[PDB]
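Starting off, we have a lone chain in the form deposited in one PDB entry, written out as structure tokens.
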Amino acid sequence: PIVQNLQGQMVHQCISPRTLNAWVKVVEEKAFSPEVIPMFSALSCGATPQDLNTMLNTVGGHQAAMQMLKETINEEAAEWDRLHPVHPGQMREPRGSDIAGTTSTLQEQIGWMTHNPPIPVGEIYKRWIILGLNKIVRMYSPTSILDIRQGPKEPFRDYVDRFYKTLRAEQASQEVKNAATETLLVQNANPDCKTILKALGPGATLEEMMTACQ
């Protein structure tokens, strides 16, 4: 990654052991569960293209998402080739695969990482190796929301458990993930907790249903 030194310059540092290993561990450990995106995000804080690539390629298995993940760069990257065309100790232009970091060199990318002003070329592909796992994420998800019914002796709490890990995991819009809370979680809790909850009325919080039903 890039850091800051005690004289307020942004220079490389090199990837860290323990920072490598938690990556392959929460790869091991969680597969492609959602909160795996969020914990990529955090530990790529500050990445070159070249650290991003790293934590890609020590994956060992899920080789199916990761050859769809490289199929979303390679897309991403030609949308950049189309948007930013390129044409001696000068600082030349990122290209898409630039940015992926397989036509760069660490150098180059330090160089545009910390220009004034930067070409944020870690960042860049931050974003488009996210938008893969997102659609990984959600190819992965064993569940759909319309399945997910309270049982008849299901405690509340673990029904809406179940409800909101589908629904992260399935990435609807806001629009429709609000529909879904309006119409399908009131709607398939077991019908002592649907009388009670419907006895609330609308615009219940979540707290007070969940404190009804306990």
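What we label the rigid core is the largest C-alpha set whose atoms superpose within 1.5 Å from one form to the other. Numbering follows the first chain given and starts at 1. What changes on going to the form deposited in another entry:
- With the core held fixed by superposition, the comparison between these two forms singles out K177 as the only member of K30, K177, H62, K70 whose CA moves by at least 2 angstroms.
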Second form
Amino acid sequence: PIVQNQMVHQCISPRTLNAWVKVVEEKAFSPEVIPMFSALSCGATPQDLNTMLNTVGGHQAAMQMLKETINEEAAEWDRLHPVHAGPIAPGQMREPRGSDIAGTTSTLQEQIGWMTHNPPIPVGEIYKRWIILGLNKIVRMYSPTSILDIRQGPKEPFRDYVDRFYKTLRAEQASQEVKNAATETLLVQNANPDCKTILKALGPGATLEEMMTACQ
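Can you now output the form deposited in another entry? The one shown was the form deposited in one PDB entry.
No partner chains or extra molecules come along with it, only the chain itself.
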């Protein structure tokens, strides 16, 4: 990555490389893997971002969908920021293309130059955005269960049902508005008869704390 002490390139650490590989091995495309990807790639160059994706041995269908997302974003970058086709000014910073941000057509030195310019051209953060957009599509793709089939079992603790409910909603990537809203509708409709009766009785404007307390 690029770190302080002034802004300089540092080798990606064995600890970082290993954490990323292990999390994918243990968690595949469970949603929590995305924020972990983001955090492990703090200060990453495009090269570092390619390194972490390349070190993954499985999930090559995901990696191939991911490349499709990156080309779409690359093409929209190029549509928005076309670069003049002439030869570059001797010893001057060339403008980055989509493929330069994705690190397919840029060197580490070019990447350093952009990310440490004043002001920075933050190619690391631009590419991380493309990748995370791509990873989110995959999370949703690999979400195995519709929220509509998350229903509380006759003998299932309400807390365990809410855990499954909100885990499913996270993979299906319903926004926060739909997370706080489902609280007074689908969460209750999908509750078992006993709890549903208690939750109906509470009235509307019940916090999730109040609902969860109410169903024991």
